[PDB]
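There are 2 protein chains.
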Amino acid sequence: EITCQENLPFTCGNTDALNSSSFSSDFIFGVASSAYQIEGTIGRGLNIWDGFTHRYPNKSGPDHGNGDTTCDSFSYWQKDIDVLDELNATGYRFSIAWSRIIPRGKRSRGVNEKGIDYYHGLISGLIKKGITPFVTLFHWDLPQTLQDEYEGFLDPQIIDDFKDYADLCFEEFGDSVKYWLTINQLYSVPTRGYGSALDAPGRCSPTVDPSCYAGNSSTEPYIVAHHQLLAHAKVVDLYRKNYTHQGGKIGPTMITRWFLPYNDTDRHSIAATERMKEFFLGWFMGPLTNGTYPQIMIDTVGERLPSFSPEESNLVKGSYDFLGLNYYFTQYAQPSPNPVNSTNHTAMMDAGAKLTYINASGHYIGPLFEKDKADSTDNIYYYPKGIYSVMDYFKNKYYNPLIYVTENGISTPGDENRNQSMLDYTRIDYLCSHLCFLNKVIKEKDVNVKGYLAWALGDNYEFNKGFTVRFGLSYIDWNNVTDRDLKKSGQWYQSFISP
Amino acid sequence: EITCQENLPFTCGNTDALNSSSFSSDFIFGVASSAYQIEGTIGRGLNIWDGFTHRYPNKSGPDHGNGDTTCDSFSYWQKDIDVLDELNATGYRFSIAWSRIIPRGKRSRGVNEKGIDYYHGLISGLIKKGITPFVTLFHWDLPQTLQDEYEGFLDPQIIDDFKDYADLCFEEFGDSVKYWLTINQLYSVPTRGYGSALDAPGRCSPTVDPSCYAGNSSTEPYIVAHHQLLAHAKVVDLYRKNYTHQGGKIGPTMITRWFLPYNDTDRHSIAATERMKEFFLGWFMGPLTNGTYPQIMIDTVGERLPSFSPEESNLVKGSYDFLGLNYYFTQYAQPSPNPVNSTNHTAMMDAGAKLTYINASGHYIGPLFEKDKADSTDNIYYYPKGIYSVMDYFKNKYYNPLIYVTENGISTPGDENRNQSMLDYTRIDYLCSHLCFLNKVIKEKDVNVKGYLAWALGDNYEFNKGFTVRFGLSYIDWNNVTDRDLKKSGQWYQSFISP
Ligand SMILES: *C1O[C@H](CO)[C@@H](O)[C@H](O)[C@H]1NC(C)=O
Ligand SMILES: *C1O[C@H](CO)[C@@H](O)[C@H](O)[C@H]1NC(C)=O
Ligand SMILES: *[C@@H]1O[C@H](CO)[C@@H](O)[C@H](O)[C@H]1NC(C)=O
Ligand SMILES: *[C@@H]1O[C@H](CO)[C@@H](O)[C@H](O)[C@H]1NC(C)=O
Ligand SMILES: *[C@@H]1O[C@H](CO)[C@@H](O)[C@H](O)[C@H]1NC(C)=O
Ligand SMILES: *[C@@H]1O[C@H](CO)[C@@H](O)[C@H](O)[C@H]1NC(C)=O
Ligand SMILES: OC[C@H]1N/C(=N\O)[C@H](O)[C@@H](O)[C@@H]1O
Ligand SMILES: OC[C@H]1N/C(=N\O)[C@H](O)[C@@H](O)[C@@H]1O
Ligand SMILES: O=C1O[C@H]([C@@H](O)CO)C(O)=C1O
Ligand SMILES: O=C1O[C@H]([C@@H](O)CO)C(O)=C1O
Ligand SMILES: [Zn+2]
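Top line first, the protein sequences correspond to chains M and M'. A prime marks a further copy of an entry chain.
Just so you know, the first sequence maps onto residues 3 to 501 in PDB author numbering.
Just so you know, the second sequence maps onto residues 3 to 501 in PDB author numbering.
Incorrect hints may appear among the rest.
What the hints assert, rightly or not - Only pairs whose alpha carbons sit at most 30 Å apart, straight line, appear in this in silico DSBU-like list of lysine-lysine:
no., chain 1, residue 1, chain 2, residue 2
1, M, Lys61, M', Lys116
2, M, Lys467, M, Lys442
3, M, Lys180, M, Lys442
4, M', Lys279, M', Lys397
5, M, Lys467, M, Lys279
6, M, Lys61, M', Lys251
7, M, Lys61, M', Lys81
8, M, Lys81, M', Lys61
9, M', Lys399, M', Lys467
10, M', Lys251, M', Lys61
11, M, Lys61, M', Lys236
12, M', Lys279, M', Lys130
13, M, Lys356, M, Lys236
14, M, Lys452, M, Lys399
15, M, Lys243, M, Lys116
16, M', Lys399, M, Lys467
17, M', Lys243, M', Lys130
18, M', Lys397, M', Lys108
19, M', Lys279, M', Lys116
20, M', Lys467, M, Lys116
21, M', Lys81, M', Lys447
22, M, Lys319, M, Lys467
23, M', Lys130, M', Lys61
24, M', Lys375, M', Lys442
25, M, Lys375, M, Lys445
26, M', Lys356, M', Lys397
27, M', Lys236, M', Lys399
28, M', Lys442, M, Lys116
29, M', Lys319, M, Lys108
30, M', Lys319, M', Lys251
31, M, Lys108, M', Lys108
32, M, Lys467, M, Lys397
33, M, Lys108, M', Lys243
34, M', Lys116, M', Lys81
35, M', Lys319, M', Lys279
36, M, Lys165, M', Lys108
Read the hints as simulated data drawn from the structure, not as lab findings.
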């Protein structure tokens, strides 16, 4: 019987009690990254994260930081491999920058052979060290040309451009890459990119944020989410019909959260919590497992929710060989009004729920996850059991999928000095407490989880935060980015992997 | 009788001997800038200078500097006006960033009202202080979307997109702006952007520079130059047919140089010098004054030189109300081979001339203009009499045009400290020696020159050099860009203007 801790102090950092041998022998352990966050702009075209961070610098991060140079994994990809080799990692999730291999967006405009070579060298180097690549085709960095031609995922033209891009990736890299991710966190671009305008491309309704150049927060998230599902599904169909000889697997990435009732004896809070599961997870998982959106969304969103035709429904339904599940935290849900006629209405209000980290009796859900110095009532707290709850739910609700945990991690403040930054015991606690629950859910519920990739390999540009927070298991000095030095968490993870 | 100095030491910095009263009472005196170089990316879309500087950072400058924030004239435009007011300037040349008012390039995709407002406020503020705006529509900063859709000026699609952009500028600003410049230095983008790939967009033949993403240095400069002429001429026709009620004037900007024979008793050097005038100036001035390219270019460039149809020739011929002439230096010309079959052939080799600052007997043409620390034999030297020679030539060869000197200036090293940077006596010498010759050519040759705008108002991002050189008449601290402090040159210029 496995017992896991939910509250500080944790004792799971002792590799005598928890290590890779606790899991099945074939289980993959590694770390993850994304291209905008680590490579730099050298050698690639411009994308909407370059566009957004430069047009709206105060949205890039409080320091106005961006991915222009970051940790320069364009130059130092070998040092990334060296971190993985030091960890004895068996997996690495990275993304391909569309703007690095097709700077002009549309494949018929030509490819960047040097860009293709960069990824071939990385892939070859990973395989040479026994590391399995998990490659994300689209980690938000859409070529700026496509956003300016037709507003990117707002238009159905994205489907064929994304298909042609994916086809190029499969053709060039699929002989070596056997695990592909289509779109990173389906929920995020629709809501943050087109709803609140916190993320690229930065569209929203005028009274949501007057700085947005255009948009409609009430309708655009649904349009974009729909086109993401279609684009994803066209790419999965392309992979499974034309690249079956490669013997690999493909799936989407979902951001997962668990939801608990703000008041667990209040039927209204309990209803809000179940609506949250459907609006947060079901928005994408309904289409992926059934070809339709959840009924509550159909009912609530009405004419703002697009329909799939019978052909589209069939393309989207079952369009995965596995799911990449990212997991960071859990929220309490309580009812909230949905003012659909308000000029500041957003798609996120359609769930009719307000989310918190504190419940009605004053209980904070778990340890600190992210401090918000401008408003401390907006601090985020984590909940190790949430990874158990999420995995169990996916198995039971979503037809026992094959799952890889494609992100899990925690930040530490960028104001800490190097010594403090390297002594990242809060990161060991977060990682180990989640891995304990992940082992427990695999053993108790028989969820088909086959690997775990911690966010992040190294410190990088964090979307929305610049360099003001650090997520790496390895430290990077921003005054001299060459080295990636294992922190206490990286050192712990090395011992966990090879106890 | 006016006597001007050609060699150090100069004595024209004494405003008792040379001042604005030396010139006609209506003569305009001011300074110039360009949008990429001063504004920052905040509030605009991305252009090919953003693209180029980020994709090829070592081409942006030795410091890898770019126009991301620069002197932040987006925020501090009022401080620019304050410099002009301090100078008692009567003119200011600035450019409109196409990506600030039409971020998506094509006008039918929408306009950025906030971008339009930025220029309305600047214009209003200039007029309120009695400063005449001279506005450049295109100072190289093409929206990146247009370069990625169709390779910008390489394709005839640029003509209508540039026309629609210009139309928007005339509509929004032409009630207040009465002097418009179309394209900055016609010669530069074809040769540096598409020939040597020193400038955006960075196209060239593979063996000219293997880093270029695509191109052909032998043919593309001619295609781009041709489309620049057509785009320019369509915009001038639009202005003169649809905006005549505004009572303003429009013209192109030429980069001018004078050319002298490397050996003035050698017929081959003398021929090379005359070929240089035709290939450097006539490439554009032939079409602008006659609707045809110079015969020597027709003969040499052959099938690589595009033809104008009768309609195009008529559109281009006479497509100016005045010429904006930029002038910085003069070169000696000697013969050089033109290896048209070489894979590294460039359009610049077609003139059959090698250019130097030292003649055959060892004479350097004038004082130091730009030191090149990597190769000192590549140092640039200036020649004050060249502005007299250029103006005289334009009058005599090119039908006595109305001219405004739209740039003239010199850099000082970015390695100097603030005190050294502020004591910019080399800049007073350069400016005054050129103004002496400009007064002399107006008086002796009756050239119709009506204003002079010194490069630059303040320190800025210099194309190709980052922040490693300074050109301002006012100093900017890169650790805190708010202030623009008049240097000794700015202080001198103030006394020259109001003696
Ligand atoms: C930040 O930038 C936007 C312009 O992009 C501006 O509208 C907003 O007021 C600024 N935010 C703050 C908090 O100052
Ligand atoms: C600079 O960058 C380019 C890649 O953009 C590279 O090909 C070239 O070698 C580098 N130049 C020098 C002098 O190192
Ligand atoms: C607009 O929404 C904000 C936050 O969503 C809220 O504080 C405000 O009350 C809303 N205004 C109206 C008119 O509903
Ligand atoms: C920066 O980091 C690398 C690796 O530690 C080191 O070898 C190099 O000397 C350092 N550069 C400077 C300028 O300190
Ligand atoms: C290529 O041109 C470079 C400079 O233009 C020159 O040094 C070299 O000799 C040329 N090579 C050939 C094969 O002509
Ligand atoms: C920077 O420059 C402006 C103008 O001189 C000054 O008012 C401001 O205090 C300075 N900011 C800092 C942080 O030094
Ligand atoms: O915030 C941590 C990490 N989280 C992720 N999603 O939750 C993103 O996919 C990744 O790009 C981001 O850096
Ligand atoms: O090099 C000085 C100056 N020279 C100019 N041309 O010669 C450019 O138009 C301007 O953008 C550049 O900064
Ligand atoms: O729950 C979530 O986690 C992440 C991130 O906030 C972790 O820092 C994200 O992108 C969500 O939507
Ligand atoms: O003669 C010329 O002068 C400028 C510049 O080099 C001055 O620094 C330029 O763009 C030319 O072609
Ligand atoms: Zn940048």
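Results of checking the hints against the structure:
no.: 1; hint: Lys61/M to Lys116/M'; result: holds (18 Å)
no.: 2; hint: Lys467/M to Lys442/M; result: violated (33 Å)
no.: 3; hint: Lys180/M to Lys442/M; result: holds (28 Å)
no.: 4; hint: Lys279/M' to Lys397/M'; result: holds (14 Å)
no.: 5; hint: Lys467/M to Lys279/M; result: holds (27 Å)
no.: 6; hint: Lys61/M to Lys251/M'; result: violated (41 Å)
no.: 7; hint: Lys61/M to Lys81/M'; result: holds (26 Å)
no.: 8; hint: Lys81/M to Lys61/M'; result: holds (26 Å)
no.: 9; hint: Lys399/M' to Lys467/M'; result: violated (34 Å)
no.: 10; hint: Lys251/M' to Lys61/M'; result: violated (36 Å)
no.: 11; hint: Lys61/M to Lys236/M'; result: violated (40 Å)
no.: 12; hint: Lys279/M' to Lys130/M'; result: violated (41 Å)
no.: 13; hint: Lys356/M to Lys236/M; result: violated (35 Å)
no.: 14; hint: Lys452/M to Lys399/M; result: holds (19 Å)
no.: 15; hint: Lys243/M to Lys116/M; result: holds (28 Å)
no.: 16; hint: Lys399/M' to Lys467/M; result: violated (60 Å)
no.: 17; hint: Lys243/M' to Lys130/M'; result: holds (29 Å)
no.: 18; hint: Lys397/M' to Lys108/M'; result: violated (38 Å)
no.: 19; hint: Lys279/M' to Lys116/M'; result: violated (43 Å)
no.: 20; hint: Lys467/M' to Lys116/M; result: holds (26 Å)
no.: 21; hint: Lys81/M' to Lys447/M'; result: violated (38 Å)
no.: 22; hint: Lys319/M to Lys467/M; result: violated (36 Å)
no.: 23; hint: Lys130/M' to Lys61/M'; result: violated (40 Å)
no.: 24; hint: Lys375/M' to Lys442/M'; result: violated (35 Å)
no.: 25; hint: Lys375/M to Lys445/M; result: violated (39 Å)
no.: 26; hint: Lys356/M' to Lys397/M'; result: holds (26 Å)
no.: 27; hint: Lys236/M' to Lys399/M'; result: holds (24 Å)
no.: 28; hint: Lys442/M' to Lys116/M; result: violated (55 Å)
no.: 29; hint: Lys319/M' to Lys108/M; result: violated (38 Å)
no.: 30; hint: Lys319/M' to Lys251/M'; result: holds (16 Å)
no.: 31; hint: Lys108/M to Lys108/M'; result: holds (18 Å)
no.: 32; hint: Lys467/M to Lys397/M; result: violated (34 Å)
no.: 33; hint: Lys108/M to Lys243/M'; result: violated (38 Å)
no.: 34; hint: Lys116/M' to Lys81/M'; result: holds (20 Å)
no.: 35; hint: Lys319/M' to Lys279/M'; result: holds (19 Å)
no.: 36; hint: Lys165/M to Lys108/M'; result: holds (26 Å)
Checked against the numbered hints given earlier, the structure breaks hints 2, 6, 9, 10, 11, 12, 13, 16, 18, 19, 21, 22, 23, 24, 25, 28, 29, 32, 33 and satisfies all the rest.
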